[PDB]
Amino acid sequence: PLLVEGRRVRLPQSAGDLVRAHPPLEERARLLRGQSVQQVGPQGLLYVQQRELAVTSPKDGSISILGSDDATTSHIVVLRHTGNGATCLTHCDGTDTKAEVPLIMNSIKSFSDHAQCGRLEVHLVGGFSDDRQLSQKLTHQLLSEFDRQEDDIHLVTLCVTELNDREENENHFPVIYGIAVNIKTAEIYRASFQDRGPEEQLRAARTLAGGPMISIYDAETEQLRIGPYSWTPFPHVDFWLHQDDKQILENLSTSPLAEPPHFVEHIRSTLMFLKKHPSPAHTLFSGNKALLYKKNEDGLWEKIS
């Protein structure tokens, strides 16, 4: 079940009510929202896209920081066992939360040396008070699915939906769009990411075409493993490529007035990828082999094999 200050959470309950009733949650939210955003560079970074999961631990010699950005109505989730340091960062968008929380749980529970030290801690950030209730629904689903687990999960950070909301000109949008977690130090902090590779377009197209949550990183081999992926041709991809920025925002975004400024440019490059690669399974991959990337000496991703 989900625990706050060592006791069970009553669900359903709004995130704001939870935070107001528990001073540790309120202080964490105040401090997190108050941080200035750090521009996290590529060294030791694994950037996790929407509908992806990455897990590793402090003995990883390649990755020291997990991060995700652009959480508009979606939530970034961090589950950490403070004893062995196993740390999973996930960017959930409400596609199938009941399937996705078990994936996060199993990614951490497989690490042993877990009984003698530490505990399971969970952190949830993202979203805002959006007109379509998408963030609030995601918050409820994540809290409920974690609370139905048998193991004790201690809720440490909760900065979602109404807690993550700001207003300008009667227009609401998120405060925190992105966070990083340092796996060695356990720090979780506000962050933005300019270097989101590798295979940024392939991975974005996989999710725009409707792919489910996937785990992208093999901590044992310190290998990023991309694909093989498959999809059918994206409907009306040429038509959407010919629409103007306002039409793309209103129809291809969950919240047209809350997206970050580069949203349309990002989706145009994803649509172009889909247009160029309507059937990637046997054109972008060989013999069903994943594309393999490892960190090089200077902390950048490099393709192997």
Given for the second form:
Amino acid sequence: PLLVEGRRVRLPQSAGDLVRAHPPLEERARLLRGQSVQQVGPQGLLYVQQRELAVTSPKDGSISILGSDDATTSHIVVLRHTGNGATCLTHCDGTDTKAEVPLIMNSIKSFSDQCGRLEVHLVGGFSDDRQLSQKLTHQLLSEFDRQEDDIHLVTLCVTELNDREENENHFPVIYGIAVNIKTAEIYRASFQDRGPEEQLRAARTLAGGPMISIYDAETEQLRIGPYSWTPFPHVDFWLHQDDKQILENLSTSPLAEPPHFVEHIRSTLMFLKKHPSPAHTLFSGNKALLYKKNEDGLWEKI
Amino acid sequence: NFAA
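Output block for the form deposited with the partner chain bound, input the form deposited without the partner chain:
The next block holds the full complex; its first chain is the one shown before.
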């Protein structure tokens, strides 16, 4: 079940009421919101895109920080087993929470090496008029509570707790966070370097791919692929609409996206028309694009 | 975020 201050969380319940009734949750939200956004470099960084999963442990000599950004209606979820330090960061967008939460639990439960407990952290979203952030909170908290293992909710800064306003337009306060694998510290972060195959991985998400695990902790390898998707519908119609038309239909929050969001969409849409059948083309021998950290902490092809 |  899902525990807070040692007691089971009653559902359904808004995260605002849950945070208001438990001082440790309220304190954590105040600290996280009051932080300045840290510009995290690429050294030892494993950036997690939307609808992606990454899990590692402090025994990893290549990954120091897991991070994700550009969360408007989605939620960044961090599951950590204290003691052994097995840490999993996912960027959930409400596509299939019934299957994504077991993916998070199995990524951590596979680490056998009593000591410590399971702690979960939920950050992201705002008071969007489509209610996508509130439904993701309801879904994530419900499926974590259905697990048989005791999961202790430590961080909860979602929806109305993560909402700011600027001339009657609402948008998130925290767009992204980073987690230090060794010290378990979570903080607001921005990422200028977001790893290799960004457009290929963004196209896989735009085409409708499910949540995937992108990192193999044993070999310390970033494995990208092989991917296969159906041709995106009307790629040239969407590529020729104006920036307002693209935000209203291809984004979940047309007025809350970070700047240059339409630049990223058009780049992603051009990739899908460039590669409608990518399985046999971008992956030679049906093998994944494997990357490893090098001496300077940057991803390099192997 | 990316929509449907």
